[PDB]
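Before any questions on binding or motion, here is one chain by itself as structure tokens, the form deposited without its partner chain.
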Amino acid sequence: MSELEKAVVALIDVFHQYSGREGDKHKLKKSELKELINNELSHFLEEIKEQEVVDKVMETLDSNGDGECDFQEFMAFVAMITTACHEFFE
């Protein structure tokens, strides 16, 4: 596997490390999404310590309105983060 291929599988690896914790094992609920951002995005995103912030993140990511973040929705989130880091370095 190339670096890019490793990065692709890392995205799947990490999503499932969090989505697999509780309930639907293929989607992130609020607490799973919260721990993902807090543990895995600490250098890009501000630590989440408030419920209103958890709710707002979920609302923003949850395109289909089912209260959880699926893999497609997680990818859109990765894209918004990756693009912000990209433009940071212009």
The other form holds:
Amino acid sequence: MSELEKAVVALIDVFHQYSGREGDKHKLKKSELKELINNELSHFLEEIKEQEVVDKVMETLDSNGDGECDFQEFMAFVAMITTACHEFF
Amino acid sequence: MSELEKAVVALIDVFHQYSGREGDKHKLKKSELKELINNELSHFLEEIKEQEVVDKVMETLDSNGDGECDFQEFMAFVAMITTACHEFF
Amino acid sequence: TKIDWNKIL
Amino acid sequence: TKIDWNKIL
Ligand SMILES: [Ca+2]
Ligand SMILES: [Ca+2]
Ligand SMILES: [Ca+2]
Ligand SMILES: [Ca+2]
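Please could you give me the other form, the form solved in complex with its partner chain, since above is the form deposited without its partner chain?
Complete assembly follows, chain above in first position.
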């Protein structure tokens, strides 16, 4: 596998590591999303320590309004992050 | 960096490896897109050997109609690929 | 992992 | 690589 293919696999792997913890196994609830960000995105995003920030991030990502972040909505988040990284080069 | 962060970086790296070859350095023209797919996505997609397929893939990905695939449109392609990989598990 | 082109295009 | 939260939210 190429670096791009490895990246594709890592996206799938990390989403499901967190989404499968509790409740719906195919979606991230607030606590699963918070832990994903805090543990896995610490070089790109400040640690989330406040409920209001958890709530706002979920509200931002939950495009379909069901209160959880599904895989499509997670991919849109990843695109936001990758796009923002352009500021650094 | 986490596996997710490494994946973010790899996405950026591969896009720009190909987009920077010719013309606009921030977009993939047809030939750059074809080579990216053929070299970097060979485990997920059949090799492109026909102009019609190059043309259809570009038409599919070029959401803004400018004839090239920009970074946003590339991220949407990556989301298509990652989503389709769910068939395999 | 072969994804059929028709599911992309 | 710190991305300001305000550019996400
Ligand atoms: Ca869950
Ligand atoms: Ca949702
Ligand atoms: Ca180019
Ligand atoms: Ca375009």
